[PDB]
Amino acid sequence: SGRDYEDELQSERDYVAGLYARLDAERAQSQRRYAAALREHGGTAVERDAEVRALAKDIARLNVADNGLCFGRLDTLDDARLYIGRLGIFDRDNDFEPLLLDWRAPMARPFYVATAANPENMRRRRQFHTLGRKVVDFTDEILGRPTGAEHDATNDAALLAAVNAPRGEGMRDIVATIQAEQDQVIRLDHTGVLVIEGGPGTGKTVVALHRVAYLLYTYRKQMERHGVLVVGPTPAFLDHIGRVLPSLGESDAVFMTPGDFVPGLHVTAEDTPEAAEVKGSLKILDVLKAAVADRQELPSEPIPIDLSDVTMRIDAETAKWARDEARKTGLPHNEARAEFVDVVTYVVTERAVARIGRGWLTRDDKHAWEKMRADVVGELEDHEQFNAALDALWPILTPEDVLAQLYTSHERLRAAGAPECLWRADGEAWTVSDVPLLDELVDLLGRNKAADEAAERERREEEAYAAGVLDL
Amino acid sequence: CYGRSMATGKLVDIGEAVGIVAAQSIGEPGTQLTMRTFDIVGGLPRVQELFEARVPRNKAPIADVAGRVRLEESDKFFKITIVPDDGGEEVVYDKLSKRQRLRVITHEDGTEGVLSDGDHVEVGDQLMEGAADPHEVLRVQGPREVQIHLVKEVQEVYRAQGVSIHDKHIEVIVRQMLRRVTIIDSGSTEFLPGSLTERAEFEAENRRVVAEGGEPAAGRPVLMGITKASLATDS
Amino acid sequence: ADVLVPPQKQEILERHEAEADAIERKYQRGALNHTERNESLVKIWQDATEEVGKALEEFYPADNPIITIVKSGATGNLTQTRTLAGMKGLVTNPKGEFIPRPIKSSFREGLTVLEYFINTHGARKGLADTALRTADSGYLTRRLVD
Amino acid sequence: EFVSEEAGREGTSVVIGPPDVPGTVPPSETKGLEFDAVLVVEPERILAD
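Residue numbers (my numbering), protein chains in the order written: chain A, 257 to 728; chain B, 3 to 237; chain C, 575 to 720; chain D, 6 to 54.
Some hints here could point you the wrong way.
Claimed, not checked - Among chain A residues calculated to face chain C with C-beta under 8 Å, some are:
{"#": "1", "residue": "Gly298"}
{"#": "2", "residue": "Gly299"}
{"#": "3", "residue": "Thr300"}
{"#": "4", "residue": "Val302"}
{"#": "5", "residue": "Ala306"}
{"#": "6", "residue": "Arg342"}
{"#": "7", "residue": "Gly344"}
{"#": "8", "residue": "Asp351"}
{"#": "9", "residue": "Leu357"}
{"#": "10", "residue": "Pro362"}
{"#": "11", "residue": "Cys677"}
{"#": "12", "residue": "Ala681"}
What the hints assert, rightly or not - Capping the alpha-carbon separation at 27 Å, the derived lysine-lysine pairs in DSSO-like fashion look like this:
{"#": "13", "chain 1": "C", "residue 1": "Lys628", "chain 2": "C", "residue 2": "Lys617"}
{"#": "14", "chain 1": "B", "residue 1": "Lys154", "chain 2": "A", "residue 2": "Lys313"}
{"#": "15", "chain 1": "B", "residue 1": "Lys81", "chain 2": "A", "residue 2": "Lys390"}
{"#": "16", "chain 1": "B", "residue 1": "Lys97", "chain 2": "B", "residue 2": "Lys61"}
{"#": "17", "chain 1": "A", "residue 1": "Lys477", "chain 2": "C", "residue 2": "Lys669"}
{"#": "18", "chain 1": "B", "residue 1": "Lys81", "chain 2": "B", "residue 2": "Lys61"}
{"#": "19", "chain 1": "B", "residue 1": "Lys61", "chain 2": "B", "residue 2": "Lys230"}
{"#": "20", "chain 1": "A", "residue 1": "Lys477", "chain 2": "B", "residue 2": "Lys100"}
{"#": "21", "chain 1": "A", "residue 1": "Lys313", "chain 2": "C", "residue 2": "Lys645"}
{"#": "22", "chain 1": "C", "residue 1": "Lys662", "chain 2": "A", "residue 2": "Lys576"}
{"#": "23", "chain 1": "A", "residue 1": "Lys390", "chain 2": "B", "residue 2": "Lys12"}
{"#": "24", "chain 1": "C", "residue 1": "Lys662", "chain 2": "C", "residue 2": "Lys645"}
{"#": "25", "chain 1": "A", "residue 1": "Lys313", "chain 2": "C", "residue 2": "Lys662"}
{"#": "26", "chain 1": "A", "residue 1": "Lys390", "chain 2": "D", "residue 2": "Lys36"}
{"#": "27", "chain 1": "A", "residue 1": "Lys313", "chain 2": "B", "residue 2": "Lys78"}
{"#": "28", "chain 1": "A", "residue 1": "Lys313", "chain 2": "B", "residue 2": "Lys12"}
{"#": "29", "chain 1": "B", "residue 1": "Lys230", "chain 2": "B", "residue 2": "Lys170"}
{"#": "30", "chain 1": "B", "residue 1": "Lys154", "chain 2": "B", "residue 2": "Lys230"}
{"#": "31", "chain 1": "B", "residue 1": "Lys61", "chain 2": "A", "residue 2": "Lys313"}
{"#": "32", "chain 1": "B", "residue 1": "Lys97", "chain 2": "A", "residue 2": "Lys313"}
{"#": "33", "chain 1": "A", "residue 1": "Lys627", "chain 2": "A", "residue 2": "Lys576"}
{"#": "34", "chain 1": "B", "residue 1": "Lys78", "chain 2": "B", "residue 2": "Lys61"}
{"#": "35", "chain 1": "B", "residue 1": "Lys230", "chain 2": "A", "residue 2": "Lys390"}
Source of the hints: derived by calculation from the structure; they are not laboratory data.
Ideal Cβ placement from N, Cα and C applies to all residues, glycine included.
Kindly produce the complete structure, drawing on both the sequences and the hints.
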């Protein structure tokens, strides 16, 4: 919190003010030429449209550029300032001397990829922490040996300078070794999985962030539309990261913890006890698959059908046959209800027409379509018992309820190869260890179609009744 | 109410078809307007976006209340909170993409610039640069102000592109776009709820009902488009 | 003869080609990308046309027929007058963007082969669009009438 | 004392301790951070936790 820092901060604020002034003026003249081209333009309709669109793109680019224009700055060894940003600003008067570089330039490269052991020609690197137009603070990152640097947000420079150790080989002049290690991590060409297992006191997190910057610049063309997912143990640490995170130009990060891997809910680390160590393990998959089969309950008592003449047709044979065939397609549970119903209805219509309707003495044009159709339909509409019966056998269910109907019953649990240390009173005191079991379950159960159709239908006729209902 | 016919230069006559006149006066210069690539370019697309009461792409939120603003901003987001002047409940607009910058005012004097904290806000005022949503205006401000806003926007579009259309044509069409009500509480009337009833029939029905005139029919206006409003016809 | 060419045109075009050279020097020096470059080139050869038209306005007498038919409000405008005695300037690609290589020749001097090739794009785009435009207008009118 | 003297400093000074004690946080929210001065109290309850 020195004074030289205030001097520098004010200087940089003045410079960015000048940049924003030029940006304001270019927006001004661009809106002016835009209005003009819109009114007359003199020329032809196609030239008019082209000029209109071009000036609109200029307006949009500048409008966006207003939000964090200058990322930072470079001081080279020949003492030539460079200012990096999301917009190129040149002076048309002094032969287009760069006042602000675009980060996508072959000359703003020693800002993502430069280290303290393999710099390019640089002596320093600054980052600026902006809100929308204001330079709150900045941090230097000297690419070499520091002595004391006013503000860094990690103080790395004053620690890298107070290294007091016995003379000798001395691990090759302590600083150089650290710098070369970091360089090896960052300038590495694997574009796959890297592990930086180090320890305390070595800056592994900052190194990882510089690594991510190097990668997101180098391969900014496969990424830049995907993101950077950064998980962590606590939102305090995540805000710390977000606060000393390099550019990631034109990309965006997504911060997370184990606990918010799910869309919507943010577990506050309830930390189910050590027996849940069997949840942080892949065997649990079986359990899920075995707890998602105990939901295909088999009828013990025969379910009564009352289609005005027909006897109860579904029973252990029918339900068993249908559950087996539904498990015999290799796809999720809520999409398998389809085959269950297809089979039950098949064997309750084709095998009830030739018995209860009248019987035999017609092999076509009555058995094939007519009684077929009547039985089919009378069954498809029985949303009271037939469908309640199915929902009793093949329930359309969801991840948020299986863990609850499993962690409590103590019988469904035993029917899943599951142990008994995972039983708890409340089935929705969701912990950290049962989050990945909710993301794994949406892929075993999947998503039906019928229910979604009916639901969006009702939703449509609910958004149409509130305002005016004539939709057709 | 119409005024003087522009052909005859005198007062309009009785039996003059003035809806077709407006239709044609708006259509004819349509080729003189910017178009879509075969909003950002506000030509025929914007006119189609208004006469059909469509939510815009660059929608801007308006003030449900008067009062002053507390402006917060974080990474890529604005959050405004309107502390009213009466002393009631403040409202908030939180997920405001900093892409849409703000509502610059450029006041007559002092060079206001952007909308800021501690500044004042009238009802129906716009906070973001862009294009308000007619239905919001309708519920907050009301039908008349809806109509006026729509005419202002259409004629802005045209003016910016060198076309002279007297606003009474826009007004005819708009009028026909806000010409109905959705009933809520039938009252003592021969009306169903959720139905679309023409405001004049509705007034005349809940007005002629004076016998036991202690609970008449209740209805709320609805903002339709020039294609639905042609489906919701009485013939 | 009545079609008169400003004499200042050459000074203008060379003064702007100087700045274009500067830009391309940057590009080859790495301080500039391949799109920002084209943006600057366009923003340069869009002003040269303004200056040529201004000169043309300040050089044509008033007894001239090509300026009389314009200033009388009879027909035309000064953009065509520039295109004819000045310079067609910039032209679009079939996409709809610009081409940083302008047309520094008029229809009086005579466009070269390439200039005459890259000026067919927008022309055909117009002759194509000019039915879809009518159709959109007619659709809006049909609605407004219904 | 630690707290109000560290206030006399210009660096973060978070304290760690078991959950029962008030005014001190567990050692599991400092998981991947750094501070300037740190005070840990009751090493053994947290060791055996």
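### Query
Is it true that the CA of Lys627 (chain A) sits at most 27 Å from the CA of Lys576 (chain A)?
At roughly 25 Å apart (the allowed maximum being 27 Å), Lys576 (chain A) and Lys627 (chain A) satisfy the hint.
### Message
Is the interface hint satisfied for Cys677 (chain A)? The criterion is a beta-carbon contact with chain C at less than 8 Å.
### Response
60 Å, violated
### Message
Check whether the Cα positions of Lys230 (chain B) and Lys170 (chain B) lie no farther apart than 27 Å.
### Response
At roughly 22 Å apart (the allowed maximum being 27 Å), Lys170 (chain B) and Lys230 (chain B) satisfy the hint.
### Message
Can you confirm whether the C-alpha distance between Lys81 (chain B) and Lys61 (chain B) stays at or below 27 Å?
### Response
Distance of about 16 Å is within 27 Å: holds.
#### Entry: Restraint status (C-alpha distance of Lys662 (chain C) to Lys576 (chain A) at most 27 Å)
81 Å, violated
### Query
How about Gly344 (chain A): closest beta carbon in chain C under 8 Å, or not?
Interface hint status for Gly344 (chain A): holds (5 Å vs cutoff 8 Å).
### Query
Taking 8 Å as the limit, does the beta-carbon of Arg342 (chain A) come near enough to a beta-carbon in chain C?
11 Å, violated
### Message
Given a cut of 8 Å on the nearest C-beta pair, is the interface hint for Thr300 (chain A) held or broken against chain C?
### Response
6 Å, holds
### Task
Using Cβ atoms only, decide whether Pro362 (chain A) comes closer than 8 Å to chain C, and label the hint accordingly.
4 Å, holds
#### Entry: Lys97 (chain B) paired with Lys313 (chain A) [C-alpha distance capped at 27 Å]
Holds, at roughly 24 Å.
### Query
Given the proposed pairing of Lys390 (chain A) with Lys36 (chain D), does the C-alpha separation stay at or below 27 Å?
Violated, at roughly 32 Å.
### Message
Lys477 (chain A) and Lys100 (chain B) were given as a pair; does the straight-line alpha-carbon distance stay at or below 27 Å?
### Response
It holds: about 25 Å lies between the C-alpha atoms, which stays within 27 Å.
Hints 6, 11, 12, 21, 22, 23, 26, 28 and 35, counting from the list given before, are not met by this structure.
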